[PDB]
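Novice: Residue-level listing of the chains:
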Amino acid sequence: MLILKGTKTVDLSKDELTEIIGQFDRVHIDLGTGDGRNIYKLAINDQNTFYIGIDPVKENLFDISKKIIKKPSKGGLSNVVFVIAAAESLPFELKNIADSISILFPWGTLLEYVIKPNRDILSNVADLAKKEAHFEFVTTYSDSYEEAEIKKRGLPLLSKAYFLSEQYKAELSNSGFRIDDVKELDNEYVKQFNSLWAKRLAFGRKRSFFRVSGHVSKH
Amino acid sequence: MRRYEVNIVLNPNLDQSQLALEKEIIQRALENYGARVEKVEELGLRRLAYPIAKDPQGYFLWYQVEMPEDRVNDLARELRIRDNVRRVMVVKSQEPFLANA
Amino acid sequence: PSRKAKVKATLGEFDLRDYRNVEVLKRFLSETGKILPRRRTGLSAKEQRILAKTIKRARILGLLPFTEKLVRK
Amino acid sequence: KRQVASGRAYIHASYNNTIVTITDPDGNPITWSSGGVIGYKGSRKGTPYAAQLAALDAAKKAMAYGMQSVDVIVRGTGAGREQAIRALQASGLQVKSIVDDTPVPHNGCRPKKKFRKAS
Amino acid sequence: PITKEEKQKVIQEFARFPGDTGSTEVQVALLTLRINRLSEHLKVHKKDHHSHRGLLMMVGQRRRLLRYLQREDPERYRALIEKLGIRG
RNA sequence: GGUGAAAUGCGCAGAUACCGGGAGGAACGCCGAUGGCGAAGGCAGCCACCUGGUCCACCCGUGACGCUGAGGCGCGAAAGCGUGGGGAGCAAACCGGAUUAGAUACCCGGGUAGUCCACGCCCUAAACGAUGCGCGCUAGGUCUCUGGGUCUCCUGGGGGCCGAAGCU
Ligand SMILES: Nc1ncnc2c1ncn2[C@@H]1O[C@H](C[C@@H](N)CC[C@H](N)C(=O)O)[C@@H](O)[C@H]1O
Ligand SMILES: [Mg+2]
Ligand SMILES: [Mg+2]
Ligand SMILES: [Mg+2]
Ligand SMILES: [Mg+2]
Ligand SMILES: [Mg+2]
Ligand SMILES: [Mg+2]
Ligand SMILES: [Mg+2]
Ligand SMILES: [Mg+2]
Ligand SMILES: [Mg+2]
Ligand SMILES: [Mg+2]
Ligand SMILES: [Mg+2]
Ligand SMILES: [Mg+2]
Ligand SMILES: [Mg+2]
Ligand SMILES: [Mg+2]
Ligand SMILES: [Mg+2]
Ligand SMILES: [Mg+2]
Ligand SMILES: [Mg+2]
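Chains as they are written, first to last, in the entry's author numbering: chain Y, 1 to 219; chain F, 1 to 101; chain R, 16 to 88; chain K, 11 to 129; chain O, 2 to 89.
Hints are supplied without guarantee of correctness; some may be wrong.
[Claimed, not checked] Going by beta-carbon spacing under 10 angstroms, a handful of chain R positions derived as facing chain F: (1) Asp-30; (2) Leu-31; (3) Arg-32; (4) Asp-33; (5) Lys-41; (6) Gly-48; (7) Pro-52; (8) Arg-55; (9) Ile-65; (10) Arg-72; (11) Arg-74; (12) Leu-76; (13) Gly-77; (14) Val-86.
[Said to hold, decoys possible] The calculated PhoX-like cross-link candidates involving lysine-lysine, where the alpha carbons are at most 20 angstroms apart (straight line), are: (15) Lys-169/Y <-> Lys-131/Y; (16) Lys-92/F <-> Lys-71/R; (17) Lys-71/Y <-> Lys-5/Y; (18) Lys-92/F <-> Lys-68/R; (19) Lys-66/Y <-> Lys-5/Y; (20) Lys-95/Y <-> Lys-8/Y; (21) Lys-54/F <-> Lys-88/R; (22) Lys-88/R <-> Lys-106/K; (23) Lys-169/Y <-> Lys-206/Y; (24) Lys-74/Y <-> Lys-41/Y; (25) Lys-74/Y <-> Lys-5/Y; (26) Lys-41/Y <-> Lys-70/Y; (27) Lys-84/O <-> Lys-8/O; (28) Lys-49/R <-> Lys-21/R; (29) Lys-122/K <-> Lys-84/R.
Derived by calculation from the structure, the hints in this document are not laboratory data.
By construction, the Cβ of each residue, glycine as well, lies at the ideal position given by its N, Cα and C atoms.
Take these sequences, add in the hints, and give me the full structure.
Specialist: Next comes the structure, spelled out in structure tokens:
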């Protein structure tokens with residue numbers, strides 16, 4: 001397992017991890033974390049949860065990685081770690097560990113895995129979580145102008161109606177996610193989200209956003 | 001050695017004795033540091049421009065000495081130790097720069 | 016205008032270096048402990064520069080003021 | 011209710027308000043007034059008129075303790091400081107002297123931004 | 002500081018002949034004297050960089066006069082060094 | 001108190017204004033300049049010690065010992081970093097008040113790092129005269145700082161202004 005220390009990458013064992021998380025009541029995993037800001041803001045407001053951010057592209061996390069290692073008085077934190085990985089090869093050490101997990105605005109291969117969905121990969125995503133952990137996914141094309149993309153990776157158009165369908169629900173069920181809720185959100189709402197892209201998308205043109213949430217049932 | 005000018009302002013409320021005692025320690029101190037007393041003046045009491053140690057007056061002592069510069073700083077540390085001593089200014093003697101003449 | 020009288024002219028031959036002549040030094044002070052400008056001290060760049068040190072030395076010793084209150088207003 | 015007669019009057023002008031404090035021959039206040047003490051609440055508090063009213067209020071009230079003669083001491087500059095020094099002279103009290111004793115550092119504390127941009 | 006005494010003592014102690022005030026030997030001597038005092042002052046006051054430049058220069062002007070000595074009289078040179086005790 | 005007006009804020013556990021006493025930190029009014037010093041960065045309370053550079057007069061001593069200087073070494077505003085100390089005022093971030101269509105700003109009330117000291121590190125800048133160093137030669141005028149002189153001006157070093165020839 002790879003974690004980020006400043007701008008340098010270092011190895012982290014399961015035993016070390018267990019010792020770290022032993023000091024916390026909860027573990028939250030943000031998958032495809034991007035720039036790290038969800039985890040940073042969330043972390044500054046909840047010192048009782050341990051935050052893990054996973055992204056395959058390490059340079060993106062540098063600003064926040066450098067920040068968290070500063071002294072506490074200058075913004076340093078002791079409840080955040082960044083994991084370097086892709087959905088297709090998640091560290092075994094993170095199996096069955098998370099009390100809650102989010103994927104916000106995925107793109108490329110990760111987006112394809114959430115929306116088709118790819119059963120094996122999402123199953124592996126569910127594997128990071130303990131039985132009945134909470135999850136939320138927030139996605140938005142809304143389509144048309146962004147396509148291009150529909151022509152490329154195929155993809156959903158994708159209405160709340162699509163996320164409500166028996167087929168998507170059943171596929172999710174096969175992967176271990178029980179849809180509890182589906183919401184359509186507007187630009188104004190998304191500004192709550194504190195993240196690269198949530199901000200960029202939000203202040204940009206009108207778009208439909210969808211938030212799908214629920215619990216991990218596979219276990 | 002270098003020629004200096006010691007200034008000392010002490011409490012204006014000392015009695016004939018108390019005063020002469022402080023001067024004792026001074027003269028005593030001077031030798032202890034090499035102060036070769038070239039001369040002295042004693043304007044004594046004077047109405048200060050502003051109060052010093054709440055007291056609006058002061059007693060003055062002026063000594064022009066000659067001594068090892070390497071100790072002039074100590075000489076004054078010593079001179080300031082006294083409680084009745086409320087000012088001590090040592091100055092390198094200087095040719096009197098005249099003016100309007 | 017500042018053409019009342021140069022403090023220098025209105026006075027004798029003094030030792031600008033003497034820091035105890037409260038009598039004369041006091042002459043170069045404003046209606047406050049402030050040191051007068053050459054415009055009024057009639058001294059020169061060099062003379063005036065020596066005065067300052069003297070007037071300051073005299074202040075520490077307590078002979079000359081640092082600042083006085085203004086009357087009238 | 012002591013009967014002083016001779017005393018001091020401190021006029022503290024400022025660009026936001028004026029406040030006069032009357033005192034005995036050695037500093038302890040007898041009575042005090044300001045732009046707020048009387049009507050005025052915000053901006054009005056500063057204005058020379060207020061300064062005037064406050065000056066008067068200060069004297070009148072001090073007339074009670076039997077004040078008569080006073081030495082005025084002006085501190086600061088501001089919205090009508092002279093009016094205060096006038097309302098006194100007229101108030102009834104014989105003003106023995108007016109004196110500016112506004113404090114000024116010999117450069118000590120960095121002032122707040124609002125008062126910097128200088129040197 | 003270096004008294005006139007302290008000074009002339011060195012000047013006469015190095016002069017090539019009665020009244021010699023500016024022989025390379027002398028100059029070098031006087032500079033070696035100033036240097037040492039400065040090098041001294043500076044063993045303490047490691048912060049007084051301003052004075053240190055002054056030293057860089059003294060040392061400079063000296064090593065440059067000496068350079069001139071070899072070139073000319075290689076004997077007086079070895080002579081001056083040994084005496085003053087320069088190098089190290 | 002504060003503002004365009006305000007509000008937050010502080011105050012009857014008595015604030016503000018006033019007098020006296022004490023503690024602590026930081027800066028050093030007037031003089032002060034159109035001024036001075038330094039290679040630059042930069043440097044202004046006073047005192048002593050230690051110490052660098054620099055000008056002038058006499059022309060007394062050496063006798064080309066000179067100039068520049070890749071690399072090196074050293075110095076190098078602020079912010080920033082490490083350890084420890086200090087912390088009055090100020091104040092990124094931050095917490096509030098107001099203004100606004102919104103105010104992540106300007107204005108107002110708070111406020112942490114920092115700003116201070118030591119030791120070490122960083123090495124940047126509109127680090128500017130936006131003008132590399134040395135030397136010689138080419139009208140003057142005017143003000144100025146500092147030294148010498150036969151001292152209503154001449155002569156040497158420095159700081160400004162105007163301008164010959166010329167340059168652009
Ligand atoms: N196959 C993948 N597995 C894991 N993460 C991926 C994969 N593909 C893309 N990502 C990440 O998904 C993120 C999508 C970005 N828009 C950032 C999303 C981030 N969660 C945010 O809300 O700001 C990027 O940081 C990609 O690096
Ligand atoms: Mg009551
Ligand atoms: Mg007090
Ligand atoms: Mg304290
Ligand atoms: Mg220069
Ligand atoms: Mg500068
Ligand atoms: Mg000759
Ligand atoms: Mg010859
Ligand atoms: Mg060179
Ligand atoms: Mg600094
Ligand atoms: Mg520090
Ligand atoms: Mg500290
Ligand atoms: Mg503020
Ligand atoms: Mg340092
Ligand atoms: Mg630096
Ligand atoms: Mg002359
Ligand atoms: Mg010139
Ligand atoms: Mg022409």
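Novice: Each hint needs a verdict: does it hold in this structure or not?
Specialist: Okay, the hints, checked on the actual structure:
1. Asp-30: Holds: closest Cβ of chain F sits about 4 angstroms from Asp-30/R, inside 10 angstroms.
2. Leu-31: holds (5 angstroms)
3. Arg-32: With Cβ-Cβ at 4 angstroms, under 10 angstroms, it holds.
4. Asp-33: holds (7 angstroms)
5. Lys-41: holds (9 angstroms)
6. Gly-48: Holds: closest Cβ of chain F sits about 8 angstroms from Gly-48/R, inside 10 angstroms.
7. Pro-52: Where the cut-off is 10 angstroms and the nearest Cβ of chain F is about 17 angstroms from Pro-52/R, the hint is violated.
8. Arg-55: violated (15 angstroms)
9. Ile-65: holds (6 angstroms)
10. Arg-72: Nearest chain F Cβ about 7 angstroms off; hint holds.
11. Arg-74: Holds - the Cβ of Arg-74/R comes within 10 angstroms of chain F, reaching about 7 angstroms at its closest.
12. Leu-76: Constraint on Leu-76/R satisfied, holds at 6 angstroms.
13. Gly-77: Interface hint status for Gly-77/R: holds (4 angstroms vs cutoff 10 angstroms).
14. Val-86: Violated, because the Cβ-Cβ distance from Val-86/R to chain F comes to roughly 17 angstroms (cut-off 10 angstroms).
15. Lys-169/Y <-> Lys-131/Y: holds (18 angstroms)
16. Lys-92/F <-> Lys-71/R: holds (16 angstroms)
17. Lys-71/Y <-> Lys-5/Y: holds (14 angstroms)
18. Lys-92/F <-> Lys-68/R: holds (13 angstroms)
19. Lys-66/Y <-> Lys-5/Y: Holds. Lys-66/Y to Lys-5/Y sits at ~8 angstroms (cutoff 20 angstroms).
20. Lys-95/Y <-> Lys-8/Y: Distance of about 25 angstroms is beyond 20 angstroms: violated.
21. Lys-54/F <-> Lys-88/R: Outside the cut-off at roughly 29 angstroms; violated.
22. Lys-88/R <-> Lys-106/K: holds (13 angstroms)
23. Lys-169/Y <-> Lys-206/Y: Violated, at about 27 angstroms.
24. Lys-74/Y <-> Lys-41/Y: Holds. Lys-74/Y to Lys-41/Y sits at ~15 angstroms (cutoff 20 angstroms).
25. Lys-74/Y <-> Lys-5/Y: holds (17 angstroms)
26. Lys-41/Y <-> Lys-70/Y: The given pair, whose Cα atoms are some 16 angstroms apart, holds under the 20 angstroms limit.
27. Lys-84/O <-> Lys-8/O: Holds - the C-alpha atoms of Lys-8/O and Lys-84/O are around 17 angstroms apart, at most 20 angstroms.
28. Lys-49/R <-> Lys-21/R: The given pair, whose Cα atoms are some 16 angstroms apart, holds under the 20 angstroms limit.
29. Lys-122/K <-> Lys-84/R: violated (26 angstroms)
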